[PDB]
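Assemble the whole structure, with the sequences as input and the hints as a guide.
Next come the chains, spelled out residue by residue.
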Amino acid sequence: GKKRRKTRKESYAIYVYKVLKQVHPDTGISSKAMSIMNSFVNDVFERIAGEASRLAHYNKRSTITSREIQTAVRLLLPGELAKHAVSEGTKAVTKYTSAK
Amino acid sequence: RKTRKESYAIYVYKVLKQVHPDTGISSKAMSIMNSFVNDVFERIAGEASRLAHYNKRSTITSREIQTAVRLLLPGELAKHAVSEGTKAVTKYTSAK
Amino acid sequence: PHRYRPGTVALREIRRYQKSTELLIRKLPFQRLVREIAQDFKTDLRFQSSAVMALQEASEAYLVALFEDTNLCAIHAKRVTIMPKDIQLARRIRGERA
Amino acid sequence: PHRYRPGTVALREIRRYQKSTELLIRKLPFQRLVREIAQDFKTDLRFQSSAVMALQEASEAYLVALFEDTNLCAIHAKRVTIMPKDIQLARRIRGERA
Amino acid sequence: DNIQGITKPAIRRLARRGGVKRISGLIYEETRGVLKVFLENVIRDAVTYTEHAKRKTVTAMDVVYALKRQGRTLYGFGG
Amino acid sequence: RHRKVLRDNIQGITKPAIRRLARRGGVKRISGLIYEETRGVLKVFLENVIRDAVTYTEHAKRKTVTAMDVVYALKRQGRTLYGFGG
Amino acid sequence: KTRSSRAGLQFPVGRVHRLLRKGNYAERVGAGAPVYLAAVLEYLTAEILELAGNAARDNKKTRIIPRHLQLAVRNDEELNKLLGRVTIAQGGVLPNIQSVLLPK
Amino acid sequence: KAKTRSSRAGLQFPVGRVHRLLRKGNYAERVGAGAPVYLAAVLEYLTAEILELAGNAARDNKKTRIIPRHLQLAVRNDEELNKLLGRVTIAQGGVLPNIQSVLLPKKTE
DNA sequence: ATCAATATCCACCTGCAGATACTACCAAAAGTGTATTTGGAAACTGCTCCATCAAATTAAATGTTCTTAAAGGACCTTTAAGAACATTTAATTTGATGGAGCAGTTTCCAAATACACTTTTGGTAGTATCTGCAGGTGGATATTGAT
DNA sequence: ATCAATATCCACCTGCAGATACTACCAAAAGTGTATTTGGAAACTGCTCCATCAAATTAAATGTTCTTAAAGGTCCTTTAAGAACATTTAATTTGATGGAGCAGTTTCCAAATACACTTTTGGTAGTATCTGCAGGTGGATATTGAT
Ligand SMILES: [Mn+2]
Ligand SMILES: [Mn+2]
Ligand SMILES: [Mn+2]
Ligand SMILES: [Mn+2]
Ligand SMILES: [Mn+2]
Ligand SMILES: [Mn+2]
Ligand SMILES: [Mn+2]
Ligand SMILES: [Mn+2]
Ligand SMILES: [Mn+2]
Ligand SMILES: [Mn+2]
Ligand SMILES: [Mn+2]
Ligand SMILES: [Mn+2]
Ligand SMILES: [Mn+2]
Ligand SMILES: [Mn+2]
Ligand SMILES: [Mn+2]
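Chains as they are written, first to last, in PDB author numbering: chain D, 23 to 122; chain H, 27 to 122; chain A, 38 to 135; chain E, 38 to 135; chain B, 24 to 102; chain F, 17 to 102; chain C, 15 to 118; chain G, 13 to 121.
Worth double-checking, as some hints may not be accurate.
[To be verified] Pairs of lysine to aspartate or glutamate, EDC-like flavour, derived with a Cα cap of 16 Å:
no.: 1; chain 1: B; residue 1: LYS31; chain 2: B; residue 2: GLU63
no.: 2; chain 1: C; residue 1: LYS75; chain 2: C; residue 2: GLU64
no.: 3; chain 1: H; residue 1: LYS105; chain 2: G; residue 2: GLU91
no.: 4; chain 1: B; residue 1: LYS77; chain 2: A; residue 2: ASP81
no.: 5; chain 1: H; residue 1: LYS54; chain 2: A; residue 2: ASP77
no.: 6; chain 1: F; residue 1: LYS79; chain 2: E; residue 2: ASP81
no.: 7; chain 1: B; residue 1: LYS31; chain 2: B; residue 2: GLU52
no.: 8; chain 1: B; residue 1: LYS91; chain 2: H; residue 2: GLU68
no.: 9; chain 1: C; residue 1: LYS95; chain 2: D; residue 2: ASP48
no.: 10; chain 1: F; residue 1: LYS59; chain 2: F; residue 2: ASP24
no.: 11; chain 1: C; residue 1: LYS95; chain 2: C; residue 2: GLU61
no.: 12; chain 1: H; residue 1: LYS82; chain 2: G; residue 2: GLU41
no.: 13; chain 1: E; residue 1: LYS122; chain 2: E; residue 2: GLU133
no.: 14; chain 1: A; residue 1: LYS115; chain 2: G; residue 2: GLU121
no.: 15; chain 1: F; residue 1: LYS79; chain 2: E; residue 2: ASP77
no.: 16; chain 1: F; residue 1: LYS59; chain 2: E; residue 2: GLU59
no.: 17; chain 1: G; residue 1: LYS74; chain 2: H; residue 2: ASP48
no.: 18; chain 1: H; residue 1: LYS43; chain 2: G; residue 2: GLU92
no.: 19; chain 1: H; residue 1: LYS40; chain 2: G; residue 2: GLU61
no.: 20; chain 1: A; residue 1: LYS122; chain 2: A; residue 2: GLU133
no.: 21; chain 1: G; residue 1: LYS75; chain 2: G; residue 2: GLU64
no.: 22; chain 1: G; residue 1: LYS95; chain 2: G; residue 2: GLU61
no.: 23; chain 1: E; residue 1: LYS122; chain 2: F; residue 2: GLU53
no.: 24; chain 1: C; residue 1: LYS36; chain 2: G; residue 2: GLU91
no.: 25; chain 1: F; residue 1: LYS31; chain 2: F; residue 2: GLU52
no.: 26; chain 1: B; residue 1: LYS59; chain 2: B; residue 2: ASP24
no.: 27; chain 1: B; residue 1: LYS79; chain 2: A; residue 2: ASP77
no.: 28; chain 1: F; residue 1: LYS31; chain 2: F; residue 2: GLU53
[What the hints assert, rightly or not] Simulated DEER-style distance windows between Cβ atoms:
no.: 29; chain 1: B; residue 1: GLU52; chain 2: H; residue 2: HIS79; range: 46 to 52 Å
no.: 30; chain 1: F; residue 1: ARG23; chain 2: B; residue 2: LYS31; range: 24 to 30 Å
no.: 31; chain 1: B; residue 1: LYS31; chain 2: G; residue 2: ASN110; range: 22 to 28 Å
no.: 32; chain 1: D; residue 1: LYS54; chain 2: C; residue 2: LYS15; range: 32 to 38 Å
no.: 33; chain 1: F; residue 1: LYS77; chain 2: E; residue 2: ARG131; range: 33 to 39 Å
no.: 34; chain 1: G; residue 1: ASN94; chain 2: F; residue 2: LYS59; range: 21 to 27 Å
no.: 35; chain 1: H; residue 1: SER33; chain 2: G; residue 2: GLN112; range: 54 to 60 Å
[To be verified] Not close to chain G: a few residues of chain C, all C-beta gaps over 10 Å, as computed:
no.: 36; residue: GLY22
no.: 37; residue: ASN38
no.: 38; residue: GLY44
no.: 39; residue: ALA69
no.: 40; residue: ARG71
Hints listed in this document are in silico derivations from the structure and should not be mistaken for laboratory results. From the three backbone atoms N, C-alpha and C, an ideal C-beta is built for every residue, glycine too.
Encoded structure:
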């Protein structure tokens, strides 16, 4: 174990996988396909959080809330994706808030 | 009844007075210059923001600005701007 | 009785409009189109006059700019008449579509 | 001897090359080109193996994207043969040049 | 009506300003198409900003920011 | 230690190679005049990206260009590329 | 019990919160944000894997590859637009030849 | 007070302000004391160059007041400025006069 | 609507390169729970400016009629680019070696924030005085298309 | 080239919008000065992977011969779009006038942040065995071009 410890490089890899097994339980994914898939999550993370960044700022808000993300999403994603994402986003925040 | 809408209107003017003291500017055209100034400020501070992030730095220094200016402005315009940038920082630290 | 060559007023109008900067669409109709369209996203919206004006200024940039590119397309087909296929081609290559 | 008509091997090469995803420029030549250019910004650079690969990918991806547009400009002028003016129009409309 | 409110001559004025000399008959409907698409895209974003800031008035900043993220930045209203 | 004079490697991009590209691009017929033209563009493209890539390398005071150097380059270039990090 | 589970998501609510703070997108970051964002990213992950999933199978293959991801994206209007200016390494292109080029 | 940070560097633009704008704009946790100085200068320079280029634009057109259309000319003539703002549209700035030469008097001239 | 040369198709098999699967360790993360602070929701209210009259006043669009030249189609000649093969150049592959330099770590202060207190001003309102040029004709010279 | 028909460029003039000038108020901003936390530059260096080199192997480039259907050009006809003027249709401009709602201002509390000790877990790492598919094969079927 260890060569003076090389620091931790994280990626959404295990989650991308879990979700792959949720839709396609008999399907794989190469490292090259996983890497791509990993860039896709970061790309969209950034894109959204940057839109939400600007959105708060325009409104003189110092806080990015579920609503900043929500609007960011509807500005960023096209028709149907925006439709379903909003639907999932609201589903999750609801489940989380009244979960205690 | 007062909320400040701070713009670059006067600093544009002071500079207009230097390059061209016999010349004035319409508000239509001054506004364009206020838009220009902010736009560019954003682009550069944004680009500088990314730089420090890429290099896991928590501080934006004169250096980040510099590289950003090189990344953003075209060769010759980037050329002049760097010089004027280094002048300002040197003169400012040379000061009493 | 006077008659000019087909195309000479055109050139007069080009030089004329390229010299000038006034918005070439009549203010009102355009104002109705903005409302009509905006109505589909949220009903009973009020518009700052500046905000409708911003939108016209840009609509106008867009189309002129697009007519430049549309022009270079018709010219490319060894023609002097802009035609839909030119507009569709310029837009395909710009990224609006594809 | 059996001879194929002009533009059938061509079409066969289109299907062949759209169906696959390998890189079509040779590893080494391309790699030299990178190093040669990178020299004008820095003497004695070093290049991560994957940092080059990253460039070839975007390059070939880009050059294929451009040829598609080029092809639509050739076709626009009732040509099937791309020509330098097509590459230039396409880049002009893209706003890569003028 | 409405989209027809954008007059054949007005489209000509824009082709002229853009340096076009001779214009096909079909260009006008095609241009009417194009602009509506341009307006739908920008106004959708405009209104999103308008909605998000719980306003009932589409201000100019809204329009400005819509145009900025459409990649079609506009100066001279944005302050 | 060598570090050879690399000059006009642009000719290393062969007429046959440029063909295969146009082909995947879906181009049936290529003017002989294209090959030079295409060597033009590729050269402009690479210049643009490596200019930016290396600026990042300098900014991190590195002598090695990392794939992230090219990935960020290309991002701010307008040509986002997946699967090489970031 | 984790916040991810607490919101009923595979993606990491904990991590997504952290990254939001590390990026300085705003001075404060509410508790709602990382949840919605993980959600949306999970859904998007799911949409694209579904599609490529099927693309893998169409081509008689069980291990998804970048090619399958391209075919997924470029064949889907919305996904193709969102990734409008994105390049999938080793992805190739959709087989497409212009009509006027085919022999007649 | 004693000295404005602006004058200390021989800059008209508000160093002090720019520094503050950087903090509240959420660009990085920390902002160095020389950062805005550099930046202010760069903004001055760029403001100087266009005003100068458009100040000239008002000459060739007889006027002592810069209107929008001057700025347009100032930019779309400078190759390097045109590029920097190739994605910007200036309000009420019209175009540069240009006609493709295959559209002119008696055939392709 | 037949023939043959050639490519494209799938079935079947083998090797290895990458994919998966043990296991075992750990730092940074992500959790539960305290204590303090604070954004911005809400509820209000004051007035800026958005909408909408009808009604004179200006300016533009739509329809029509003769007209010319541009678009596109058919024919014909030039040639330049595809197909194919003999020849030769170059890339790639395997494999092993020397060294730069990236990135992991301990350290520690010029330089950052953090905080009160002092001074300054850039924005706003109000009031008024000023002026650069649009838009108005005047009448030489200039361009364009009939002779 | 002759010449009349408009179009343009030239000077000159002038009313008012829209800049600008002068007072004065002030909250918020820009500084200063003073105690106090910390980011990353210096240094050192483990050890990762990049430059390079040879030799064999294997793949692609090239330069050349033959040809034909693409481009490109001329000369034809068809009819679509400009120029123009006579109407009609619409847009602007004004003036007055409600009252939507954006923006200020003061609450107050749900929800943010803090710094603290507590528990989990995703990644690194090492060691080891699988498995999905390229890639090569053959034999059977579809395609193409000459009939
Ligand atoms: Mn030049
Ligand atoms: Mn408060
Ligand atoms: Mn023709
Ligand atoms: Mn070393
Ligand atoms: Mn003052
Ligand atoms: Mn005038
Ligand atoms: Mn007159
Ligand atoms: Mn032809
Ligand atoms: Mn020819
Ligand atoms: Mn016809
Ligand atoms: Mn009310
Ligand atoms: Mn685990
Ligand atoms: Mn196979
Ligand atoms: Mn075989
Ligand atoms: Mn068989």
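Now the hints, each set against the structure:
no., hint, in the structure
1, B/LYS31 x B/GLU63, "violated, 21 Å"
2, C/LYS75 x C/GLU64, "holds, 14 Å"
3, H/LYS105 x G/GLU91, "holds, 15 Å"
4, B/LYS77 x A/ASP81, "holds, 13 Å"
5, H/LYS54 x A/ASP77, "violated, 32 Å"
6, F/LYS79 x E/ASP81, "holds, 8 Å"
7, B/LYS31 x B/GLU52, "holds, 9 Å"
8, B/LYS91 x H/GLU68, "holds, 12 Å"
9, C/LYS95 x D/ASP48, "violated, 29 Å"
10, F/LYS59 x F/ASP24, "holds, 11 Å"
11, C/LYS95 x C/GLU61, "holds, 14 Å"
12, H/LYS82 x G/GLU41, "holds, 11 Å"
13, E/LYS122 x E/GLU133, "holds, 14 Å"
14, A/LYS115 x G/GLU121, "holds, 14 Å"
15, F/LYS79 x E/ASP77, "holds, 14 Å"
16, F/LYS59 x E/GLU59, "violated, 21 Å"
17, G/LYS74 x H/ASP48, "holds, 13 Å"
18, H/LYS43 x G/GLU92, "violated, 24 Å"
19, H/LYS40 x G/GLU61, "holds, 14 Å"
20, A/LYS122 x A/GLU133, "holds, 14 Å"
21, G/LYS75 x G/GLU64, "holds, 14 Å"
22, G/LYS95 x G/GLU61, "holds, 14 Å"
23, E/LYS122 x F/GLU53, "holds, 9 Å"
24, C/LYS36 x G/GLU91, "violated, 39 Å"
25, F/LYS31 x F/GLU52, "holds, 9 Å"
26, B/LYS59 x B/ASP24, "holds, 13 Å"
27, B/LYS79 x A/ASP77, "holds, 14 Å"
28, F/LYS31 x F/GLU53, "holds, 11 Å"
29, B/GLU52 x H/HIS79: 46 to 52 Å, "holds, 49 Å"
30, F/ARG23 x B/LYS31: 24 to 30 Å, "violated, 59 Å"
31, B/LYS31 x G/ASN110: 22 to 28 Å, "holds, 24 Å"
32, D/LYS54 x C/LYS15: 32 to 38 Å, "holds, 35 Å"
33, F/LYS77 x E/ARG131: 33 to 39 Å, "holds, 35 Å"
34, G/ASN94 x F/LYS59: 21 to 27 Å, "holds, 23 Å"
35, H/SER33 x G/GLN112: 54 to 60 Å, "violated, 40 Å"
36, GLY22, "holds, 31 Å"
37, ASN38, "violated, 5 Å"
38, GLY44, "holds, 15 Å"
39, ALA69, "holds, 35 Å"
40, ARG71, "holds, 42 Å"
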